[PDB]
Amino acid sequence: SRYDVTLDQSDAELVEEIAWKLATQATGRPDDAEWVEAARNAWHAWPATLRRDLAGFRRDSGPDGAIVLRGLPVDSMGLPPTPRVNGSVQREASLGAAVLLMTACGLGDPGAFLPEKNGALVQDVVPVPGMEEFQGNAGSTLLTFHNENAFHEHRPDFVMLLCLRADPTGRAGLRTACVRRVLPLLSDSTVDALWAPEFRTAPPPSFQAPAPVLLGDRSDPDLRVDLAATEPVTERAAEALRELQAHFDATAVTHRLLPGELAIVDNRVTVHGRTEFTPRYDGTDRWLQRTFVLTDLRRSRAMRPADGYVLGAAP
């Protein structure tokens, strides 16, 4: 499958060399524009095979709206214990930051939101004691299906998750479900409901009108939904969300990520969630790093002071 790519040894070694050079030699640190520039330049040193694979995915993300790359460099011997604080981010140069920011610059540009993880471009996904029930990075209860930052006009176009350390307990898996798999299975009444402006997705409290869930083309729509946050404004809308959830559940691909695996989710067409797990809280738990990609950074300029990578309020 061209949506499941394992790097061959030659390509894996080259990307490792490139990532280490960026991580150790580039001036500044990942959130600095000069480091993102070094990452952009380093991306273009990647093997053509992988650049072609990513370009193909950007053009058409396929029936599941997701790709996984396996065999990317991660510093397993050098990895510290899994962080255990909420809001954990990667401010220092590292191999994980190098891989994520290079790939972001290949697909578009990286971006982040000031009210979420303090606008860091590379964010940790790690379980935190006391946050078990949270619908977010720090939680370990079932994470309900959603588009990332569904409320936001400039929500991520892609969400990238690089696995540093697998969940040792075997119960955690990333779940992705694409509107392309479910649209043909939905009832006419549900489809009609999802095109109507009868859903309210209010911003989270940290970020300080009724609209449709389905967007764009009738046969190949985008979608905008968060099954935790999106509120139906009518009864048919409520029924539509229940049917949509059911079909997401039935058609979702579930992935237990392993070190060196990079999952890239097309957030225009694919929702994601996560199964429940019981953290150990002993430094050995699941550790992903996450970076958002904007396919056209220019569109959010009004929200990006100094033409930076951190989106805040407009106008």
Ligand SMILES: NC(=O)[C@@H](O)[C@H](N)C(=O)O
The other form holds:
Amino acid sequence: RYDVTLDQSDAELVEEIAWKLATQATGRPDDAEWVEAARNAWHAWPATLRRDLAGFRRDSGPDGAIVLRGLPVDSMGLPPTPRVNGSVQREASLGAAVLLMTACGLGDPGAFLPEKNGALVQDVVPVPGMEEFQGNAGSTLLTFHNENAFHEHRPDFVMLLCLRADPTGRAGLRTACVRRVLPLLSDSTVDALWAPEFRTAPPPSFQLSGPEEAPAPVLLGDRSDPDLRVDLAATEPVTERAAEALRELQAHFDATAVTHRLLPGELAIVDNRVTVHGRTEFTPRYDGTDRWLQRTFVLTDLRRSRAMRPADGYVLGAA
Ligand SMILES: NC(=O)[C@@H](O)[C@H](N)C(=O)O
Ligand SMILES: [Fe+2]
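Show the same protein again, this time as the form solved in complex with ligand AHB rather than the form deposited without ligand AHB.
Then the entire complex follows, led off by the chain already shown.
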């Protein structure tokens, strides 16, 4: 129940709902009125899909991820893949519709002002000159991370909708769940990961060489079913045992990861409380045919971040 292919009937209904939202709803995706329309439209989805999503929200399973297949994307109408840094989806579209409806089903959408200018629907596309970036515009191997790990109100879910697959065949999303990793880790590493000996900075998407947060543990919550907070690029160990812990953690992420090559109309939803993600190295063409995902973050309890959301909006900033 973590790999869901829409049947023809459900696929046609969601298509209808997404078109209606994209073409008839007033305003544009970042407007509160559009998110409200998306929230109402979500409740028109077939019960089967709403039940699937509700089940995943309640229990994201041993891999902490779900992939839905057969969602609407306008492949014939799709323009060349953007090649600019900071690319975001400001205009109404089927992709924005699918993402924002689903976000309202799982919680609410949200974004962070310093990243992709706080857009609710963000492009994940390779950008010339950014090949070596540990982030959405890169094409070198992207290390495993919780999304925006530094942040107190980091995404609860990360949703990635494929508009255009990587035509080269080398790119794949990788997800690794701590539920697979924990039983395999050495006792010394587990003890290390519970200790406040790890310091984490914002990812480069926020800025370059940003200020690191205070030292804290990687593992959080329940001893048997913990959450985690780590970024193998942005998390610095404060002690020697923390360094070894990170090395062993990395090895087990690699060993336990599931690799997904997404196709158009496929939506991966990663539970960011328990699952890290990364991406394989690939060689972009930079000819408008490259990999194109759109990404929306979900906050399961938007209320918690009110102090960071002026006018009770969907964009989180300082204090
Ligand atoms: N480390 C991360 O969380 C990255 O995915 C970052 N949000 C980015 O878009 O590059
Ligand atoms: Fe990420």
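Residue numbers count along the first chain shown, from 1. Residues that one form lacks are left out of the comparison. Just so we're on the same page, rigid core means the largest C-alpha set that superposes within 1.5 Å between forms.
- Core-based superposition between the two forms leaves all of 87, 197, 203, 136 but one with CA shifts under 2 Å; the exception is 203.
- In this core-based overlay, residues 202 to 208 form the only run of three or more whose Cα positions differ by 2 Å or more between the two forms.
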